[PDB]
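Just one chain follows, in the form solved without this ligand, and it is written as structure tokens.
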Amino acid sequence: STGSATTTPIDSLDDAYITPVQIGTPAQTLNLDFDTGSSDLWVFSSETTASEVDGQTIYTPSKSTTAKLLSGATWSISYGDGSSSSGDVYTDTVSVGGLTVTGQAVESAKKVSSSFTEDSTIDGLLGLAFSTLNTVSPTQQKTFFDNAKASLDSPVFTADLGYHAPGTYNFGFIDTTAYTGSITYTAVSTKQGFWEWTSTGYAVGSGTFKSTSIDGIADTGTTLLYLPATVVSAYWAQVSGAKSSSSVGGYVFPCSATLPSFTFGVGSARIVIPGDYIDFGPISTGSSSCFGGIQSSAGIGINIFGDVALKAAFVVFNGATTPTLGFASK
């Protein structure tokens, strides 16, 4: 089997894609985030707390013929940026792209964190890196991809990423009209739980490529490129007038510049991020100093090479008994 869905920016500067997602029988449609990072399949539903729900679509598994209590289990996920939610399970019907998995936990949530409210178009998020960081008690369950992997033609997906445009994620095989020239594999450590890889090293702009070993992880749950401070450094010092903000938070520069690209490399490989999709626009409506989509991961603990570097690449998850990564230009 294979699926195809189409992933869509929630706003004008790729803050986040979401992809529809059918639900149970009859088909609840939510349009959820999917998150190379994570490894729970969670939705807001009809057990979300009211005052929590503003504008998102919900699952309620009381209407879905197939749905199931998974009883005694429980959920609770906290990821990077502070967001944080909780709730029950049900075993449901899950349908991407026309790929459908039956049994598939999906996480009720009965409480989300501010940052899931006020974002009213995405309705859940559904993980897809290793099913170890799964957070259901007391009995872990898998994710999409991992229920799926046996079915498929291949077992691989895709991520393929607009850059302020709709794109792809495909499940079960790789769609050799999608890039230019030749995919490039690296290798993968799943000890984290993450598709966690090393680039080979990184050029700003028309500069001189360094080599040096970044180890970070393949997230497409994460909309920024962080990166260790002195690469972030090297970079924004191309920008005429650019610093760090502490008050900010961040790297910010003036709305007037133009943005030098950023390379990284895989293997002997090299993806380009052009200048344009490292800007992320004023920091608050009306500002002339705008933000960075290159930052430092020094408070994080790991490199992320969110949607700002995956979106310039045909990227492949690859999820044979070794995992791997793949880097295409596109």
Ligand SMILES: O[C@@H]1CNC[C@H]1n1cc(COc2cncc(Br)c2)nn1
Second form
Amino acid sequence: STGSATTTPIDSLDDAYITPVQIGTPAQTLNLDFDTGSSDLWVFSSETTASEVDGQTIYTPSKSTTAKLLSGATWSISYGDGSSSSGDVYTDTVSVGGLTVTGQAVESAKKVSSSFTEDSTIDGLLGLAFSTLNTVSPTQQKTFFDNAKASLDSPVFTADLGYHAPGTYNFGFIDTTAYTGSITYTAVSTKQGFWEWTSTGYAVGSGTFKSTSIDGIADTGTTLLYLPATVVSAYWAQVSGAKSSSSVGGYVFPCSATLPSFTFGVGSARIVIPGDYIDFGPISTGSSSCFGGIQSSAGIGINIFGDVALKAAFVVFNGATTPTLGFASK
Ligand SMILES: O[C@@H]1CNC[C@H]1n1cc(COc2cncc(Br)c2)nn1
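Mind giving me the form deposited with this ligand bound, seeing as the form solved without this ligand was just shown?
What follows is the whole complex; the chain from before opens it.
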């Protein structure tokens, strides 16, 4: 089997991407944040505290004839960006663009933190990291990709995120018309439960490529590109007037600047992030100071190839017995 679904930026800054997902019988369609950095499928629901719902589409398990409460199972997640959610668990049928999984764990939110409430465009998350990170207790549950994997034509899914434009998540096949050149594959460590790999280095604009190992994760759920302080300083030094602002919490730059590109290495291959992918607009409405899309990972403790980097590539998440990661230009 295969599946294919369009993914859409939630706003003009590509802060996140939503993909429609069918849950239950009859189908309840929710727009979920496909997240290769976490491993829980959780949704706003009829059980979510009313004051914490503000525009989201909710899943109502009592109206799904295939929904079954998973007795005694709860979940609770604390994300690296400080957000959180928790609730109970149902099993139900879940479909993504023609691909169907029965008995998927659908984690129903009773509580969500303010950042989720304030974002009316995201109805929940669909985790695509490794199932060892799933938070359901006392019995851990499997991700949608894990449940579907054996039935797929190939045990793979691909992320093709657009810059200010629609994109595609494919399951079970590689669309060879969706990229240029060849796909370069690179080793993955699953020891932290992430799609964790080692970049071979970087370049700023037309500058010389710096060969240096950068261990990080491919995370569609993170907006920005988080890299070591030495690398991020080298990038923003090429933007006149850019500086790290302690009050804003990162590098900012004059909105009138033309940003240089940023290149990262995948083996001997090179992925080029155009300069305007790194512009995240005024720090506050009406300001002429703009927020940078490349930031230091020093506070986070891990390097994150988030949407800023991944949307410059066609990205293969290869879930074979030994998983690997593939990158192509597009
Ligand atoms: O789908 C998850 C919940 N919200 C977005 C995703 N997520 C990613 C992380 C990783 O850590 C950080 C990422 N970006 C900024 C900071 Br400050 C920390 N935590 N949450």
